[PDB]
Amino acid sequence: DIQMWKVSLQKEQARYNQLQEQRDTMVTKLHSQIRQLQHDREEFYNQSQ
Amino acid sequence: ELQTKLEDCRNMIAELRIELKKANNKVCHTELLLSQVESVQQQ
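Residue numbers (the authors' numbering), protein chains in the order written: chain C, 746 to 794; chain D, 795 to 831, 839 to 844.
Some hints here could point you the wrong way.
Counterexamples of contact, computed for chain C against chain D with all Cβ distances above 10 angstroms [as the list claims (entries may be wrong)]:
id, residue
1, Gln-748
2, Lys-751
3, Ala-759
4, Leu-764
5, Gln-765
6, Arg-768
7, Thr-770
8, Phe-789
9, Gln-792
Which chain C residues stay away from chain D? Per the calculated CB distances, all over 12 angstroms, these [to be verified]:
id, residue
10, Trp-750
11, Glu-757
12, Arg-760
Simulated restraints, written as ranges between beta carbons of each label pair [to be verified]:
id, chain 1, residue 1, chain 2, residue 2, range
13, C, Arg-780, D, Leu-810, 16 to 26 angstroms
14, D, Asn-818, C, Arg-786, 14 to 24 angstroms
15, D, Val-831, C, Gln-792, 47 to 57 angstroms
16, D, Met-806, C, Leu-764, 54 to 64 angstroms
17, D, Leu-814, C, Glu-788, 48 to 58 angstroms
18, D, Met-806, C, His-776, 32 to 42 angstroms
19, C, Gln-781, D, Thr-798, 38 to 48 angstroms
20, C, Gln-792, D, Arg-811, 21 to 31 angstroms
21, C, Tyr-761, D, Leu-800, 50 to 60 angstroms
22, D, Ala-817, C, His-784, 38 to 48 angstroms
23, D, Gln-797, C, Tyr-761, 49 to 59 angstroms
24, C, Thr-773, D, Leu-810, 46 to 56 angstroms
Keep in mind that the hints were calculated from the coordinates and are not lab data. Ideal Cβ positions, reconstructed from N, Cα and C, are used throughout, including at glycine.
All chains, full assembly: derive it from the sequences and hints.
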């Protein structure tokens, strides 16, 4: 059972570590939404103002 | 953008050109003036 809890912690830590890829993915999604928001606002100025 | 470009189109394409034609009308009536241009009542 000690071996079991160790393997179990290993597996749940791997599940929680996949959220590192999730963090990078959401950072990429932010770097899309925010960056396009900034580009849209700057061109909104540069033309519509 | 829609409102800005549409109203700028209205101004520059309708209003500005109509005002140029109205300046032509100005010189027309000014020409009218420039071409259109004693005490017997007492006695």
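Please test the hint of 46 to 56 angstroms on the beta carbon pair from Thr-773(C) and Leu-810(D).
holds, 49 angstroms
Claimed clearance of chain D by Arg-760(C), with the beta carbon kept past 12 angstroms:
holds, 47 angstroms
May I ask you to test the hint 48 to 58 angstroms on the CB atoms belonging to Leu-814(D) and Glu-788(C)?
Given a distance of about 33 angstroms, which is not inside 48 to 58 angstroms, the answer is violated.
Please check whether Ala-817(D) and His-784(C) have a Cβ separation lying inside 38 to 48 angstroms.
About 43 angstroms separates the Cβ atoms of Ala-817(D) and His-784(C), which means 38 to 48 angstroms holds.
Range agreement (Cβ of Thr-798(D) with Cβ of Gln-781(C), hint 38 to 48 angstroms):
This hint is violated: roughly 22 angstroms between Cβ atoms.
Beta-carbon spacing of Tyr-761(C) to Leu-800(D) - inside the hinted bounds 50 to 60 angstroms or not
Between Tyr-761(C) and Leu-800(D), where Cβ atoms are some 54 angstroms apart, the hint holds.
Per the hint of 16 to 26 angstroms, is the separation of the Cβ atoms of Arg-780(C) and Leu-810(D) within bounds?
Given a distance of about 39 angstroms, which is not inside 16 to 26 angstroms, the answer is violated.
For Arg-768(C), which was marked as not at the interface, is the minimum beta-carbon distance to chain D over 10 angstroms?
holds, 36 angstroms
Take the C-beta atom of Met-806(D) and the C-beta atom of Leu-764(C), compute their distance, and say whether it sits inside 54 to 64 angstroms.
With a Cβ separation near 56 angstroms, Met-806(D) and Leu-764(C) satisfy 54 to 64 angstroms, so the hint holds.
Range hint 47 to 57 angstroms: satisfied by the CB atoms of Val-831(D) and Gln-792(C)?
holds, 52 angstroms
In this structure, is the beta-carbon distance linking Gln-792(C) and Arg-811(D) contained in 21 to 31 angstroms?
holds, 24 angstroms
Assertion that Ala-759(C) lies farther than 10 angstroms from chain D (Cβ)
Correct as stated: the minimum Cβ-Cβ distance to chain D is 50 angstroms, above 10 angstroms.
Comparing the model with each earlier hint shows violations of hints 8, 9, 13, 14, 17, 19; every other hint is respected.
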